[PDB]
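With chain A fixed as given, assemble chain B with the ligands onto it according to the hints.
Protein chains: 2
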Amino acid sequence: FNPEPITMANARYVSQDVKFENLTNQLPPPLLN
Amino acid sequence: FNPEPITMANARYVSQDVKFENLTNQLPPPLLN
Ligand SMILES: *[C@@H]1O[C@H](CO)[C@@H](O)[C@H](O)[C@H]1NC(C)=O
Ligand SMILES: *[C@@H]1O[C@H](CO)[C@@H](O)[C@H](O)[C@H]1NC(C)=O
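From first to last, the protein sequence lines are chains A and B. Numbering of the first sequence is given in the authors' numbering, commencing with residue 1190 and proceeding in unit increments. Numbering of the second sequence is given in the authors' numbering, commencing with residue 1190 and proceeding in unit increments.
Among these hints, one or two may not hold up.
What the hints assert, rightly or not - Straight line, CA to CA, 25 Å or less: simulated SDA-like cross-link-like pairs of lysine to any residue:
1. B:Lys1208 with A:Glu1193
2. A:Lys1208 with A:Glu1193
3. B:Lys1208 with A:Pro1194
Treat the hints as calculated values from the structure; they're not laboratory data.
Next comes chain A alone, as it looks inside the complex:
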C-alpha cells in the first residue's frame, strides 16, 4: 500500500463501463484534456 499520483505510468485507456466512477473534479492527467 502506497498512494501515488495517477499517471500514464500506471493507468491504461479502456472503454466506457457503468461501474466506472464519473469524475468532474481533480481529474488525473490521463483524463484531463
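Frame of chain A; chain B with the ligands shown alone:
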C-alpha cells in the same frame, strides 16, 4: 541487434528510478513536451 529510433512503439511510460539515465540533449520523442 539493430539500432532503431526510440518511439512510443517500443517504449512505455514508467515511474521515476534512480538508476535511470538523466537526458538533457537529443531527448527521444516520448520524453519531449
Ligand atoms: C457513472 O456514470 C454511469 C453512466 O451515467 C452511470 O451508469 C453510473 O451509475 C455512474 N456512477 C458511478 C460512479 O458508477
Ligand atoms: C538521475 O538524477 C537523479 C536526481 O534526480 C539521481 O538521483 C540519479 O542518480 C541520476 N541517475 C543517473 C544514473 O545518473
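Hint check:
no.: 1; hint: B:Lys1208 with A:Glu1193; verdict: holds (20 Å)
no.: 2; hint: A:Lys1208 with A:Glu1193; verdict: holds (22 Å)
no.: 3; hint: B:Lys1208 with A:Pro1194; verdict: holds (21 Å)
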